[PDB]
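> One letter stands for each residue in the lines below.
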Amino acid sequence: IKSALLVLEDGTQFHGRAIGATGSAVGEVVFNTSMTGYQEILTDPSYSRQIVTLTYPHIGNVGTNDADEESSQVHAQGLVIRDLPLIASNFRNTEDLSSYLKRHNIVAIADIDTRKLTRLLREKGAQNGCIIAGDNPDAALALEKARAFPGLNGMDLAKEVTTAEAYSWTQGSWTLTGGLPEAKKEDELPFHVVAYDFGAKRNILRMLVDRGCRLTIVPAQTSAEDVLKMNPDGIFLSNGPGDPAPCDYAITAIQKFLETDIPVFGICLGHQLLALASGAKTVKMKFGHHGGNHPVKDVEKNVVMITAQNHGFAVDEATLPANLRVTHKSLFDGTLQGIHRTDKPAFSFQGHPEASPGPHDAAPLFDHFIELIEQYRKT
Amino acid sequence: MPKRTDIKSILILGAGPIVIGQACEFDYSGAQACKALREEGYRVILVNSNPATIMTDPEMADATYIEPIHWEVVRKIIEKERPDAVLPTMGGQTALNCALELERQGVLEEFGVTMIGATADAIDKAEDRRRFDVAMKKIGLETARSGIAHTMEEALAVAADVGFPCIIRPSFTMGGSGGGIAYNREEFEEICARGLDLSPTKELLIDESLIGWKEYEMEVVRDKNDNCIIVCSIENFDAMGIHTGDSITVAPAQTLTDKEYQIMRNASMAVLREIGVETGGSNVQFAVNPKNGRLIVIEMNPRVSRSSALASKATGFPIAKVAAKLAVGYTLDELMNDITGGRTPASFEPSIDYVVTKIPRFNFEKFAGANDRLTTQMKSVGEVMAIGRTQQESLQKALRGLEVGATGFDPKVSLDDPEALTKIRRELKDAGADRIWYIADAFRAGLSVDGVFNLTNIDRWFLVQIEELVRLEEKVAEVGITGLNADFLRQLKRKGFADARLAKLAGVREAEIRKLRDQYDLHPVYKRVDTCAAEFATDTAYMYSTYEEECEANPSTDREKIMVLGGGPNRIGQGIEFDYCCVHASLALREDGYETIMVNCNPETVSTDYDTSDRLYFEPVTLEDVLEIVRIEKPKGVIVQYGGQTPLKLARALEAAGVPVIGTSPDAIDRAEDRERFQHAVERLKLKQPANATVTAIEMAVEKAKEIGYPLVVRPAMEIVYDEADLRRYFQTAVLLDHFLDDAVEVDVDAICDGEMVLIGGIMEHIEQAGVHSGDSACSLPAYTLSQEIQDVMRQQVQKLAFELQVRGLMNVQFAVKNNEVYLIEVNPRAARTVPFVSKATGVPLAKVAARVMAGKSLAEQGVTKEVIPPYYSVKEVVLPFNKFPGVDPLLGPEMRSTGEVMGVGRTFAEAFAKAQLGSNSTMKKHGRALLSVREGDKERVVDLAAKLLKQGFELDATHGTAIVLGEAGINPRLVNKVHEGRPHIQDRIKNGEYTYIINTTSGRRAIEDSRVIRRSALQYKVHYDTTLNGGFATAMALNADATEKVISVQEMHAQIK
Ligand SMILES: Nc1ncnc2c1ncn2[C@@H]1O[C@H](COP(=O)(O)OP(=O)(O)O)[C@@H](O)[C@H]1O
Ligand SMILES: Nc1ncnc2c1ncn2[C@@H]1O[C@H](COP(=O)(O)OP(=O)(O)O)[C@@H](O)[C@H]1O
Ligand SMILES: CC[N+](CC)(CC)CC
Ligand SMILES: NCCC[C@H](N)C(=O)O
Ligand SMILES: [Cl-]
Ligand SMILES: [Cl-]
Ligand SMILES: [Cl-]
Ligand SMILES: [Cl-]
Ligand SMILES: [Cl-]
Ligand SMILES: [Cl-]
Ligand SMILES: [Cl-]
Ligand SMILES: [Cl-]
Ligand SMILES: [K+]
Ligand SMILES: [K+]
Ligand SMILES: [K+]
Ligand SMILES: [K+]
Ligand SMILES: [K+]
Ligand SMILES: [K+]
Ligand SMILES: [K+]
Ligand SMILES: [K+]
Ligand SMILES: [Mn+2]
Ligand SMILES: [Mn+2]
Ligand SMILES: [Mn+2]
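Just so you know, the sequences run in chain order B and A.
Heads up: the first sequence begins at 2 in PDB author numbering, then just goes up one per residue.
As numbered in PDB author numbering, residues 1 to 716, 724 to 741, 750 to 1073 make up the second sequence, in order.
Errors might be hidden in some of the hints.
[What the hints assert, rightly or not] Straight-line Cα separation of at most 20 Å, SDA-like style, residue types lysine to any residue; simulated pairs:
hint, chain 1, residue 1, chain 2, residue 2
1, B, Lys125, A, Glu334
2, B, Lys302, A, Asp333
3, B, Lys125, A, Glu549
4, B, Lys285, A, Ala553
5, B, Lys330, A, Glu334
6, B, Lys125, A, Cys551
7, A, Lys833, B, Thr95
8, A, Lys966, B, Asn66
9, A, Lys291, B, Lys117
10, B, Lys117, A, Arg494
11, B, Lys117, A, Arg652
12, A, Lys291, B, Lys3
13, B, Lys3, A, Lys3
14, A, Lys137, B, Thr178
15, A, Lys125, A, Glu110
16, B, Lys330, A, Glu549
17, A, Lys3, A, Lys224
18, B, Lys117, A, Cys551
19, B, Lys302, A, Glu334
[As the list claims (entries may be wrong)] Simulated restraints on C-beta separations:
hint, chain 1, residue 1, chain 2, residue 2, range
20, A, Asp539, B, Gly126, 43 to 49 Å
21, B, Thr23, A, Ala486, 38 to 44 Å
22, B, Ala141, A, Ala486, 23 to 29 Å
23, B, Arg378, A, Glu142, 37 to 43 Å
24, A, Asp539, B, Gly179, 21 to 27 Å
25, A, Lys475, B, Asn137, 38 to 44 Å
26, B, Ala140, A, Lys3, 34 to 40 Å
27, A, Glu655, B, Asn137, 44 to 50 Å
28, B, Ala141, A, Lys475, 32 to 38 Å
Keep in mind the hints are simulated off the structure, nothing from the lab.
Even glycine gets a Cβ: it sits at the ideal position worked out from N, Cα and C.
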C-alpha cells in the first residue's frame, strides 16, 4: 500500500494510489478528454503548473516511447487517472507509464473517481489542487498548498519554459515506416522561419519543416529588432503555458512585426498574443478546452473540423478590433477560435493544428501560412 | 443545407426476419429512422415482413407494409405508394440487396424513386469485393493479398496463389454468410461452392491469412458538406479469423497509440470518401499487426450494422437517427446531440469515460451435429453488452449478464483432472463459444500469459486482466468469507465480481455476500452515458452501475414508477418478440403518466434505446443488479413477465427480497411452470391432459410406459420414443413421461386476465402438428381447419385456467386437438412470443393492454373486452438457421431452432400462406418435379397431395414404398433410388437440379437418421422442402395463390376491423 491523495482548493479529497514519484504537486487542476495520446499530453509545455486529469479510465495501455514526447520533459505538474493498467502492450512502448513518471519525477495518482472530478471542474470551474504521495499523506497539508497556490490568472509561464539561447530546427515529422527522420540540411529547406518559443510543441516545428521551413527557435523575450535582423520569411508564435496577458515583451514585439509586411502565424498562446497585440482582450475560461474531439467551424467555408484543444484562456470576440476578422469558432461553446488581420498577413488559431495527440483535421492551417510566405517572397 | 424539399415521401427498406448475422439491430435502426424522418415531417412508407418489430407498429409510420421482402412485392408497394425516395441502409443486407435489385429491375427508374443515404453505386463499390479492393489500392490503403473468383476453377487458382489457410469472402454478403477459413482443399471446395451459390453476384474474394492480427472497427458518419466524424472505435478481444459478430469486442480501442489511431482514423474517412458515402454512416474494418503497427483494410459496410448499434449504445450517439436526417439534406453541424440536451451539435467525436464490452451469445447445444468452432462465418444468435469503469468490471458484468448461468469466470474443468490441461489447450487453440472460461481455467491450471497468448492471439493487455482476476479468486477461496473485510470486498466489487461468484468461492449463499455488502454499506453508484466524458451535463438518464464515489442516479420522489425487466441477450426461443413486449409496456405506461424504468443489456434492441423509457439502466438482468436499482428507485411495481425466461426466473427471489412484483404472481407463475403443480390444477379443473408418469429408473419407465402407451414424449432436450425397444435405446444415450398425441393439431392461445374477465387475444392454429415445436411451426390466425365448436371449448378452457391460476395480465395456452378432443399441453402465465404477431393481426396492442392491467387498469376500464376476429387471414411462418450449420439434419421436432418469423396477410389462407412462405425466403416454384418420400402413417394422405401437385403441372418422383401406395391409387410416379438402392438415387437427382420441391416425412430415430441425406441435400441445393404432410398441403394450397398480386398496409388492415 503506497498512498496518494489529491485535494482541491474547495476541500474535496480524492484518495487513491501513488503511481509516480513520492512527493507533492500543486497546480491548476484540469481534465482532458483524450482517449489516446496521454504521453504527448504529459510532455506538452502548456501543461506547466497544471495537474492533468484524464477522463479515459485506462491510462498507460501503450506504455511510452521517445517519439511520443512533445518536449524534452514532462510539463504536467501532476497526473490524475482512474486506472493504471497492469501492462503496457504496444510494439512502440519502451517503458511502462509508472516507470516513466518515476523517471521524470512526477507525482501521480490512480484509482480515484475521475468522473466525479471532471464534473466538479465543469460545474464549478477550474480549481487549484494538490497531490501528495507518500506513506501518510496529510490532507490538511494538501489543502494548505492547494489553497496557497497563486493561480494561473496573470501568471506568465511562457518565460519559464522558454529556451535559454536560440537554436535551429530542421527536423520533420514521424512515419510509421521511418519513425522520426534525420534532421534536414539547411540548403534543403526553402523558407526560413523565426519561431518564438513560448513553450513550443515539437510537432508544430516538425510540421513546419514538413512544409519546407527552416527554423530558428527564439527565446520568448527576444526583441523584434533582433528578429527582423534575421530576415525571416515569416514569424511564428508557438503555444505555451500560463496567461498570455502578462507577456508584455511578446506583445510589444508582435506589434512591431505587425508594422511590417512579414507573415505572422500564432498557435494557441501565440493566437492570444496576436490578438492582444492587435487590440483585443483575453479572458480566463471557466474550465477551458482540453480534449481532442472539439468541433471547430471554419466560418468562411462553413466546414467543421474536429480538433485538438488545450487552453484555459481565450480571446474575447466582443472586443475584437475592426482589423481582426473572425475565422473560426467552437461548435461546443461558440468561443473564438481563429482570427485574421484584415490589413496584414497575420492570422492565428486557438487550437492545435499540429495535434499530437489528435485529429489531423486542422493541419491545413499551416498551409495558409506557407501561402503567405511564398507570397511574401514573391515580393 | 437543411432538409430536402424535392422529397416528401420516403420508403424505408426493412431487414426481414431475424437470422444469425442479421438481427434485432435492424429493428432498432429502422425504428430510429422512422422516428427521425417522421419527426422531420416526411411521409414514411416501410416494408418489413417481420411482424415482431416496433418499426412495423402502425403508429410509427404512415404506410406500413408487412409483406414479403421481394422486389416484385416491393415494386407493388412503390407502384402503390409512389415514394419519392427510398432509404436502403437501415435494413441489413436484405435492404441493400433489395435496393439494388429494384434498381437493376429498373423499378426505381420506372417510378422516379430517388435512392438516399447511399447511392446504388456507393453500395456496390463497397459490396462488390473486387471493387472495394480496387478502391483501396487507389487510395493507397493496404489490403491482404487476394484474388477474385467466379467459379471453382478460378477459386482453386487463387488458393494456389495465397495458400492455406485462406479466407473466403462472398461479395454481397455479411455476417460471414457463405464464407469461412479453408485449411485444406477439401474444406476449400466446400466453402467456396457454398459461397458462390450464396453470393448475390456469384463472386468470392479469397485472401491469404492474417489470422491472429488485431481486429479493429470504426463507426464513421459523413455529411453532404464533407464533415466527417468517428463516432466510436472498437477493439476486438478475439483476433482476426473469428468474425466480429462472434467475437468479444470492446470500445474504445485500447492498444493503439495516438499515432496509430490517427492513421486509422484518417483511413476510415478516406474509405468513405472513396466509396462515395456522402450522407450517412459506415462501419470500416481493419487488421493490425501487433508486431509493427502494419495496417490493413478488410472491408466496409455502407449502412447501419450490429456494430453501429453497439456503437450507438456505447457512446450515447444515435447513429441511425442522425444518418436518417443526413439522408435528407441535413448536415452534422445543424443537428443537435440528443443526450447532451441538444446543448451541442452532432458534429463532434464522442469521448467516453468507461469501457464497453460486447459478448456474443451462442446456441450450439441446439445443434448437436454442428461444428462448434468459431470462424469467419457468424454462428452466434445474439449478444450482451456491459459498461464498467474498467475493463475488468466491464467484462465481468457482461459475463454475468450473458444468460448462460455464468456468474463470471466459472470453471469449466476440474483442478484435479489429469487431462485438464490438454482440454484447455485445445479450447484455447481452437476457439469455441466457451473460450473465455477456458482462458481463466488456463491460468488456474498453471499456464502463463504468454502461453495463453500463443494459443489464442488475444492481446496480453486483456489476458493479464483475466489472470489477475483468477489470482483474486484464489485469494477469496483461501480466506473464505471470514477474509471478506470491507476493504477487500470493495476491491473485489470494483473489479466486477458478482455476489454469486464470490459466494461460490467462499462457499456461502449469494445472499450472504449481498447481506455482507449491506452491512458494509457497499453498494454501487450509477454513472450516466453522455457521449462526452462528462464534459457537458446531460438531461438523459441512461446509466450503468459501478463501484465508485459519486452517484448520478438522482431518482425522482415525484412519480409512481414502473420497472420493466428485459431478457438480456437474444437466444433461440427468447427473441425480439419478448423485447417487443417490454418496449410496449414502457410506451404505454409512460404515456399513461408513469415513470418507466427499463433494465436491459441487449445492445441490439429498441428496449435499450434511451428514447424508449424515462430511465434506462443498461445492466445485467440479474437479481443482484436489479436489487440494486430497486434499492434506490423504490418503484411502485416491477414487471417480470415480459422479458422471457430471464426475468421470469428472478420473480420468486425478487419478491422474497421485497420487490414489488406486479401482474401474475411468482407463485402463480410457478403453479404453471411446475408439472406437478400444474397436473393438480388441471385435475382440479377437470381438464384433459395426456397421460403422464414420472420415472426414476429405466425399468420403471418401461412399465410406466406400458401404462401410458406409446408413442412417448420423454421430457427430462426432448425426444419421442415409439416402442419399448426404442425406450431402452433412448435410455442408453440419455424424467417426465407423456403420451405423445400423434396426428394432432397444435394450437396456441394468447389471452389477458384482469381478475374480472378474460380477453381472448388470439387463437392460432398451427400448420405442423403437435410434436413440431410451436416456435418452429407456421400458424394461422384465425384457424383454418378448426371447428368453431372446438375452438370455443379451448376458449372456455383458457378462461377456466386464467381464473384458477390467478393470471394478471398476459397468458398463453397450448392445446392439442386429437379426435375432436381438446388436450392441454401447457400453460405459460406470461407474455408469449406470439404476442407481437397477434397484435399485428388483430390491431390490438396486447402488451400495452396487459401492461395497463398489470398496473391497475381493468380491461373494462380500457375498453378492450371483446375478442377480435379479423376479416383477413394472418399467417406466420418461421426462418431456421440450419443453413449456418450444415452438419445438422434440417428436420423439425419437439425442440425449437428457429431464429425469426415473418407474417403473411391474405384474403384466403392460401394467399396469407403464400406471402408467409415467400417472406420466409422459400425457393418454392409453381412448376417442376417434386420428390415424394413419406412415412407409413402418411402414405394414405399422400395420394391426395400427389394429385394436387399433379393438377398443378408438377411431375412426380418417389421412393419405393411411396411409389407403391401411389401406384395403388392410380398415380404412377417416376421411381427413384434410395441411396443404398443404386442409381441414380435422390442425392444425385437433387444434386443435379432435378427437383423443385420435396416432401419428405419420417418417423423413428432410425428412419430419421437414414433419411438424413434427403434433407441435407435439399437444403444445400436450395430446393423447397417440407418435412410435414400438413406443411406440404399448405404449400400445395399456396400454389393457387400469387403473393405479389396484392399488397395492403397495416393501417389499411387495421381499418378493416369492425
Ligand atoms: N485475411 C484474413 N485473415 C484472417 N481473417 C480474416 C481475413 N480477412 C477477414 N478475416 C476475418 O473474417 C471476418 C469477416 O470478413 P468481412 O470482410 O468483415 O466480411 P463480412 O462482410 O461478412 O462481415 C473478419 O471480421 C475477420 O475476422
Ligand atoms: N404430449 C404431447 N403430445 C404431442 N405433442 C406434444 C406433447 N407435449 C409437447 N408436445 C410438443 O412439444 C412442443 C414443446 O413442448 P412444451 O411443453 O410446450 O415445451 P416448451 O417449454 O419448450 O414450450 C410443443 O409445442 C409440441 O409440439
Ligand atoms: C441475411 C438475410 N438474407 C440475405 C440478404 C438471407 C436470409 C435475406 C434473403
Ligand atoms: N414452419 C417450419 C418450416 C418448414 C420447413 N419447410 C419444413 O417443413 O421442414
Ligand atoms: Cl475518489
Ligand atoms: Cl479574466
Ligand atoms: Cl448476407
Ligand atoms: Cl503478410
Ligand atoms: Cl507484416
Ligand atoms: Cl456445421
Ligand atoms: Cl415458379
Ligand atoms: Cl409413421
Ligand atoms: K479510490
Ligand atoms: K424522386
Ligand atoms: K462490405
Ligand atoms: K493486396
Ligand atoms: K475478431
Ligand atoms: K463489422
Ligand atoms: K406444431
Ligand atoms: K414453455
Ligand atoms: Mn460486411
Ligand atoms: Mn465484417
Ligand atoms: Mn410450449
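> Now, for every hint given, state plainly whether the structure supports it.
Hints and how they fare:
Distance check on the hinted pair: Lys125(B) and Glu334(A) sit about 29 Å apart at the alpha-carbon level, beyond 20 Å; violated. With a C-alpha separation of about 13 Å, the suggested pair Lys302(B) and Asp333(A) falls inside the 20 Å cut-off, and the hint holds. With a C-alpha separation of about 18 Å, the suggested pairing of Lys125(B) with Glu549(A) holds against the 20 Å cut-off. Of the pairs offered as hints, the one joining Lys285(B) and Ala553(A) is violated, with about 32 Å between alpha carbons and a cut-off of 20 Å exceeded.
Between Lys330(B) and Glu334(A) the CA atoms are separated by roughly 15 Å; this keeps the pair inside 20 Å, and the hint holds. For the given pair, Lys125(B) sits about 17 Å from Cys551(A) by alpha-carbon distance, which is consistent with the 20 Å threshold. Distance hint between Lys833(A) and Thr95(B) is unfulfilled; the C-alpha atoms sit about 77 Å from each other, more than 20 Å. Of the pairs offered as hints, the one joining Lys966(A) and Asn66(B) is violated, with about 80 Å between alpha carbons and a cut-off of 20 Å exceeded.
This hinted pair does not check out: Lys291(A) and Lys117(B) have alpha carbons roughly 37 Å apart, beyond 20 Å. For a cut-off of 20 Å, the pair hint linking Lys117(B) to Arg494(A) stands: about 16 Å separates their Cα positions. Using a Cα cut-off of 20 Å, the hinted pair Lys117(B) and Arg652(A) is violated, with the two alpha carbons roughly 37 Å apart. The hinted pair formed by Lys291(A) and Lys3(B) fails the criterion: a straight-line CA distance of about 34 Å is larger than 20 Å.
For a cut-off of 20 Å, the pair hint linking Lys3(B) to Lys3(A) is broken: about 59 Å separates their Cα positions. For the proposed pair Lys137(A) and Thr178(B), the alpha carbon gap of about 18 Å is at most 20 Å, so the pair holds. A C-alpha spacing of about 24 Å is found between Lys125(A) and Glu110(A), which places the hinted pair above 20 Å, so the restraint is violated. Taken as a hint, the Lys330(B) and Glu549(A) pair is broken in the structure, with Cα atoms around 36 Å apart against an allowance of 20 Å.
A distance of roughly 12 Å separates the Cα atoms of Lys3(A) and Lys224(A); the hinted pair therefore holds under the 20 Å criterion. A hinted pair counts as satisfied when its Cα atoms are at most 20 Å apart, and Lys117(B) with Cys551(A) qualifies at roughly 9 Å. Proximity of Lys302(B) to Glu334(A) is assessed by CA-CA distance (about 15 Å); at most 20 Å being required, the pair is judged to hold. For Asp539(A) paired with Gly126(B), a C-beta distance near 21 Å fails the hint of 43 to 49 Å.
The given range of 38 to 44 Å is broken by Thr23(B) and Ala486(A), whose C-beta atoms sit roughly 27 Å from each other. Between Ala141(B) and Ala486(A) the CB atoms are about 25 Å apart, so this pair conforms to the stated range of 23 to 29 Å. Under the hint 37 to 43 Å, the C-beta atoms of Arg378(B) and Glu142(A), about 39 Å apart, fit the expected range. The hint said 21 to 27 Å for the Cβ distance between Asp539(A) and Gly179(B), and at roughly 49 Å that hint is violated.
Distance hint for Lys475(A) and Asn137(B): a CB-CB separation of about 26 Å, inconsistent with the stated range 38 to 44 Å. At about 57 Å, the beta-carbon gap between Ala140(B) and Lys3(A) misses the expected band of 34 to 40 Å. For the hinted restraint 44 to 50 Å between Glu655(A) and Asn137(B), the CB-CB distance of approximately 49 Å keeps it satisfied. The hinted window of 32 to 38 Å between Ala141(B) and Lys475(A) holds, with their beta carbons roughly 35 Å apart.
In the structure shown, a violation is registered for the earlier hints numbered 1, 4, 7, 8, 9, 11, 12, 13, 15, 16, 20, 21, 24, 25, 26, in ascending order.
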